[PDB]
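One protein chain is absent from this view; the other protein chains keep their places.
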Amino acid sequence: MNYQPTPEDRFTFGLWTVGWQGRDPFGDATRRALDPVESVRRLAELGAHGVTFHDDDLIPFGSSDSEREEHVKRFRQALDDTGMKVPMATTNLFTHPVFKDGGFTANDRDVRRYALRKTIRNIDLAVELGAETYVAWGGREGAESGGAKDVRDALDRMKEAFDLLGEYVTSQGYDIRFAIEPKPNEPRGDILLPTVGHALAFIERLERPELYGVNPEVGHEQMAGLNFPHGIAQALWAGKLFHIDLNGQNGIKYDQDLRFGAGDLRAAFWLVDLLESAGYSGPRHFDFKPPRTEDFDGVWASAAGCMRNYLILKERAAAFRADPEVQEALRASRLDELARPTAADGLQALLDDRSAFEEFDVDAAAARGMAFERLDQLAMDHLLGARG
Amino acid sequence: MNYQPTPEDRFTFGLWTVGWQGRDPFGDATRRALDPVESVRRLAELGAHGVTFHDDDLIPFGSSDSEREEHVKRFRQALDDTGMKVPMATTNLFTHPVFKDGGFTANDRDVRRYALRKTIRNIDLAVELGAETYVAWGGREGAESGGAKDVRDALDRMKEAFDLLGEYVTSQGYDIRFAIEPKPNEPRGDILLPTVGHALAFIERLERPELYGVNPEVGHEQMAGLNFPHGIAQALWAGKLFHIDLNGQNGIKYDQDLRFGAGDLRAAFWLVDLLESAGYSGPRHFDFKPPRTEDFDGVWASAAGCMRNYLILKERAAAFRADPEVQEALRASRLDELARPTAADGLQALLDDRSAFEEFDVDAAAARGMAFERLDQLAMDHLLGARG
Amino acid sequence: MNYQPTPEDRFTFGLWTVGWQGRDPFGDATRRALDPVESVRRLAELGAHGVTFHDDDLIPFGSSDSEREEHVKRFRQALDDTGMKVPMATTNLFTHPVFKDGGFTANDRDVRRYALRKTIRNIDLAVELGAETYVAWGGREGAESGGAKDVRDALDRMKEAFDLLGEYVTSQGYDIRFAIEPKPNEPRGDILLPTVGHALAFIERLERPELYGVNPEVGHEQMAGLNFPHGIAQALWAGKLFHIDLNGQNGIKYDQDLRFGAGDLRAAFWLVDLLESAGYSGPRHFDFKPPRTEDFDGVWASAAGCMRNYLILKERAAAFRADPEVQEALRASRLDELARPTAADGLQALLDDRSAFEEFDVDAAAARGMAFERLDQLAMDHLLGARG
Partner (left out) sequence: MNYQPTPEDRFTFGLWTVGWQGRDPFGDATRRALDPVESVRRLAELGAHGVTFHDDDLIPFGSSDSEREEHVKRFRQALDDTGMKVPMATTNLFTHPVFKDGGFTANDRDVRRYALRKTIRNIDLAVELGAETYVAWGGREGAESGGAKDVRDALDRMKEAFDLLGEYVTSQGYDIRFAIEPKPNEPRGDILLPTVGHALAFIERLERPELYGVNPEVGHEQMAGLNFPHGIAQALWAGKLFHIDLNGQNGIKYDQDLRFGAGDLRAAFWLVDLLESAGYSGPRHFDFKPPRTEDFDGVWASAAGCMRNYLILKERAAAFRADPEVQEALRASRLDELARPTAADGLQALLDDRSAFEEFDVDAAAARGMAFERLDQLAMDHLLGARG
């Protein structure tokens, strides 16, 4: 009755997560840098399936074409030695001062062209390493003040950028899809496409919408006070959940990036329930930061904790849905009726159906209790392993 | 140099706004009810263009077909006497206990059919009164707990509802469009389609998307900590801003519905700037509540205040955009460059353009300051009428 | 290994909690009213220790002196029949329209005098029924706008009110203490004494500070995004935690009043840990609302759930502190060193101690990891009953 991860569980980590040195807006690094090769090795030992990277995590900004080759070759050798995969890659368009007003929607046109070239270069690298998903997080696309950015022009520029990227992968014959990662704020005062919904809407305006989906992050939707499982359900409904980032957040404040399971524990339970129920089959990626209070031992403890907490929640959610008492409570709360069409009989039969209105007993309907609290206490008992 | 509204300004109010009696979750009504006919009269005297209604604001729930006719005829006479119009109408699907688990996405199928019949009935009434926009606010669509609602099934049901409504207006030959009004929470723990972005995305999945747009509300996006002007810009970009609701909100807390201009005053300034600049031509609707501390004199003072504050902001934003010093600062901050295509030369020329990457001087670009703070202080001076 | 409450567990409920009819700002009551006598009976059957009341919960506003006697006598008989106690009482100074601008700090002086008389009358009643704690929640003390309330004058008035109440109980020889209940907002735009800290500070300015403490509520501090267990620790440190209100809240939004255990589950765990560890011996009072989706069966299910979730958390926290692996991790994280004085040797020895500064090896100290993540994963394993 234990919780050891296997590469079959598809757990992945970014190089930048366990390799975060602990620098925050008020303080210096508390840990030395990690060689990517060591991270790949340590993570493989913990049971992880693969790793992800920003271009600049793997190849130091300003590297010569040959230094580049050397960096990649060592990385590739660590992957061969461990069996680790690289399912996703992304571009760093936020750290260098040149991106201080954004990458794809910077006001300066020459910066936007440069942002696209830096991206295209890394897409080729990611296809070579086998990635299937290319993520875009526009961390610097946004503003601190109202006049600094015309948002209709900036969306035109954002669409222009993504359309060109889609032209490029289709012309090269690459099999890779894009995933946009929303965040409402930080480091910009307000960021463009702030939530899963804004990114889903945007995508429908691209030339080839089928090439793009979303990469939602637990803590990001919670920084807007939103229900993350609800957001994920809408993305699944639209057919657009191409990737997901897992972590923990305690409410509306700075982006904490705690390990998965920390923060809002019940939201984590309902998220795992939904992913496993909908048969989500992509990576379970952790975008998190071991607190700067920790040494390297606490770093690996924190990474193990991410995977452990997913597997415990997976087991409690599976026990909840398999419990006959729970299946009866779902029927008592009429979840089965929610799944049936309101009016498969069609508009005309509905208009002619007097039991839908003229003779509907509104008082008897209103008196029916929904029985949601007992259902929710059953879900609580199961999460806490208190089923008696 | 004053600020009197005229019916040309297209200011509208819901019957439920100035007619709110002051009941809140912790206290009794502090004001008597208003006859709709008196509200129409008082508002006409204040300079308003028109009024809006929920079915149940105008016709008491449970009214006989003849009481109904009487209520409508008196209303129509007040409109004829004053020249007031009715540009928008909506359905009350949230007050009656029968809607306690929602209208279109209630778990009980018979409640969902009833919700659609109650709606269709009011669409006919709204077309008779001349409305051009039919608003839907699903205030009860949502949940307090994770197991109570499968969100993929509920979105199926929501889409089913809106598709049927669109079939009905097209079969009747009615010229009316729908506008969905998002809200993140309250009165449900979490509400479905919580933000402008989620509603825009949803619409793209309907059978006839062209029939539907959004009706965003200032306070609702701010209850999620989001930038309302940014949200409106995205709706304008998508061609979907069919209506708008104006009011004030002080941050993330219960829905305050203060008069427009109250709450976040700078957001109000940038919103007015954007609406007038984009040539938004629909109603300027106020969805607000005079505080329950007030008597009827304070009610009409609060309603006048809404319109006054819009006209003052309109004048300050127009002065800001006409100021030659501001047009020069916009150029200094490269807003003009934001509006130009990144790569009208096409993908291949970009890939071959060495100044976009191989020979891009990243250090010189990064050193360019954006000059946003002086621009923002110019916007502040103009808002405060302190231009010297 | 089960979780049945007994009157020894000191669980109490307000009449207004299970008796809430479901009216919210957007909808009608969904449940009939409960007779106080039935609530006392049902709660006794569930294992509760006692009940609490507002004056107006027990005696309808505007009751004649004799109707009053009748209401009290029936109540007293239900208490005798069940063994239930009344440890706390409070005043309703927020529902009647007369309190729309507050009770003790209303701008109208005659309303403030009336507020004090209504209070004094109920203190006598509470002493007769045996209450030991008199709670004050100034739900209407505050403002929607900046000019409406001078806050220094209002604090003068608040202090005046509480000093007079203390003069009265000391002159009558009553053994009862007062507890102030903070809330940051709702129903007023901002409420005075918004958090536990503001109320603790205020008390130190009263004539007889020893007579007053706080009654913090889980959801209220969380509506300000604060850490409720931290807040409770500060109140315990000051010797001022005279009572506590338990419930659940999902983040910063309207006051949800969910059952205890719902909302932020980890905060609930750390709260129970602290109360049991500090030996808090007052009532465990639930101030919560069964969702309006529920019928009376769901009401009693929700109330049982409050007590069940406390007892489960109590058992997991006790298991955590008794676990030898956890006691070793606490030592590894230096919690033992936190409890020792920094400088019991005194100022002069510290100034003369060169190992505190001149010869302190700052680099070796900084490299020590705090081991907090493993400790926190041990706390998680224990909460989820996953200890292996």
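Per-chain numbering from 1; labels A, B and C assigned in written order.
By definition in this document, a contact is a pair of C-beta atoms (placed from the backbone, for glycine too) under 8 Å apart; a residue touches a chain by one contact, two chains touch by 3 or more.
Enquirer: May I ask which residue of C:125, C:176 or C:238 touches the chain that does not appear here?
Expert: With C:125, C:176 or C:238 as choices, the missing chain is touched by C:238.
Enquirer: Among A:24, A:297, A:325 or A:345, exactly one should touch the missing chain; which is it?
Expert: A:24
Enquirer: Who touches the missing chain here, C:49, C:149, C:284 or C:316?
Expert: Hidden-chain contact among the options goes to C:149.
Enquirer: Any idea which of C:68, C:198 or C:387 touches the chain not displayed?
Expert: From the options C:68, C:198 or C:387, the contact with the absent chain belongs to C:198.
Enquirer: Mind listing the subunit B residues that contact the chain we can't see here?
Expert: 1-3, 30, 222, 225, 251-253, 259, 261-262, 264-266, 290-291, 293-298, 301-302, 304-305, 308-309, 312, 316, 366-374, 376-377, 380, 383-386, 388
Enquirer: Of the residues in subunit C, which ones touch the absent chain?
Expert: Interface with the chain not displayed, on the subunit C side: 96-98, 100-101, 104-105, 107-114, 116-118, 120-121, 143-157, 160-161, 164, 167-168, 171, 184-185, 190, 192-202, 204-205, 223-227, 229-231, 233-234, 236-238, 252, 266, 269-270, 273, 278, 330, 333-335, 337-343, 347, 350-351, 353, 355-357, 360, 362-363, 365-368, 370, 372-373, 375-376, 378-379.
Enquirer: Considering the whole complex rather than only what is displayed, give the residues of subunit A touching the chain that is not shown.
Expert: 22-30, 94-97, 99-101, 139-140, 144-145, 148, 185-187, 189-190, 223, 250, 252-256, 258, 262, 291-293
The working rule: only the chains that are shown with their structure count from here on.
Enquirer: Go ahead and note the Å separation of the Cα centroids belonging to subunit A and subunit C.
Expert: Their C-alpha centroids are separated by 37 Å.
Enquirer: Taking each chain's centre as the mean of its CA atoms, how far is subunit A from subunit B in angstrom?
Expert: 30
Enquirer: Could you grab the centroid distance between subunit B and subunit C? Build each centroid from C-alpha atoms only and quote it in angstrom.
Expert: A distance of 38 Å separates the two centres.
Enquirer: List, in ascending order, every residue of subunit B touching at least 2 other chains.
Expert: 96-97, 100-101, 144-145, 148, 185, 190, 223, 252
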